[PDB]
Amino acid sequence: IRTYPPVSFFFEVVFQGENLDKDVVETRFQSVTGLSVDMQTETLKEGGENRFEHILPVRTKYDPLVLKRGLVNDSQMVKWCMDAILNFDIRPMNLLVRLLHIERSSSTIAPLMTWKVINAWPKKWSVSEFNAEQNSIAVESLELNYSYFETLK
Amino acid sequence: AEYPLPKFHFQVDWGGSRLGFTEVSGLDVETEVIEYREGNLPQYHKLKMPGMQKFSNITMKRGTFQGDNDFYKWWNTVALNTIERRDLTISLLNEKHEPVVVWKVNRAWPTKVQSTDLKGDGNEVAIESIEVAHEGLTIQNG
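As given, the protein sequences belong to chains AM and CN, one line each in that order. Residues 2 to 106, 120 to 167 in the authors' numbering are what the first sequence spells out, letter by letter. If you're matching positions, the second sequence starts at 2 in the authors' numbering and goes up one per residue.
The hints are all genuine.
Listed next, the in silico SDA-like pairs over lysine to any residue satisfying Cα-Cα at most 25 Å (straight line):
#	chain 1	residue 1	chain 2	residue 2
1	CN	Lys47	AM	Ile151
2	AM	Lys137	AM	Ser161
3	CN	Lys47	AM	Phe144
4	CN	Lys49	AM	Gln148
No wet-lab data here; the hints were simulated from the structure.
Assemble the whole structure, with the sequences as input and the hints as a guide.
Right, dumping it as structure tokens:
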């Protein structure tokens with residue numbers, strides 16, 4: 002029975018794709034978010050029943066996936082994205098998102127939780143503001159569409 | 002010469018009956034600094050340029066004598082936003098009792114008047130003090 006909850010800052014992302022799963026710089030990210038699902042419904046009122054109304058299920062919606070890094074000047078991933086965006090040529094991929102921990106029985123790094131993200135393709139790309147008077151890092155941000163995600167049980 | 006001057010012989014002209022004081026402070030002039038940098042400067046630190054000016058208030062102390070209530074009168078000259086304003090001149094003298102360094106203060110008027118503390122065992126005199134606001138100050142040496 003659990004006594005202590007897990008920690009959020011040890012994680013990884015894997016691209017199961019063209020040949021990006023073996024490229025080390027393609028797994029290192031500063032931030033990952035957007036993993037949430039929502040059910041959308043409608044409301045129906047029945048005459049004579051004044052104590053409650055009926056909520057009926059309609060459809061399912063998912064959030065976009067957002068990744069943030071320091072700027073990498075030569076990236077195969079960015080070539081894939083810009084091929085989709087400039088030449089209207091898209092080729093969706095599959096992804097894995099992992100939450101990691103230390104297991105020992120000496121010790122080893124092992125996955126703790128894994129999600130499969132199915133049919134991802136580019137949505138948005140951006141780079142942060144250049145300012146002559148601030149100490150900052152050039153940070154690039156990518157946003158992706160996908161169909162759904164599942165737990166690797 | 003090769004010898005400096007002391008700070009124990011001076012005089013203040015403020016529009017009162019007595020020119021003697023025990024303490025004089027708040028003589029200072031300041032200017033602001035503006036920083037700037039463009040993107041492609043081979044220099045990574047900012048450039049500086051002069052800005053607006055700022056003057057501090059004036060604080061003066063004196064012992065309390067019988068029959069002298071000038072500080073309160075000048076303070077109480079105040080009306081809604083009007084008040085009597087004065088020209089304040091502070092000087093430094095030498096051994097023949099003549100001036101050497103002069104501070105000139107335009108349009109002074111008092112902002113605070115502080116009375117004495119009373120202690121039964123106290124073997125000290127009664128000291129009152131005033132704080133003065135003023136637009137600008139000047140320095141004349143020689």
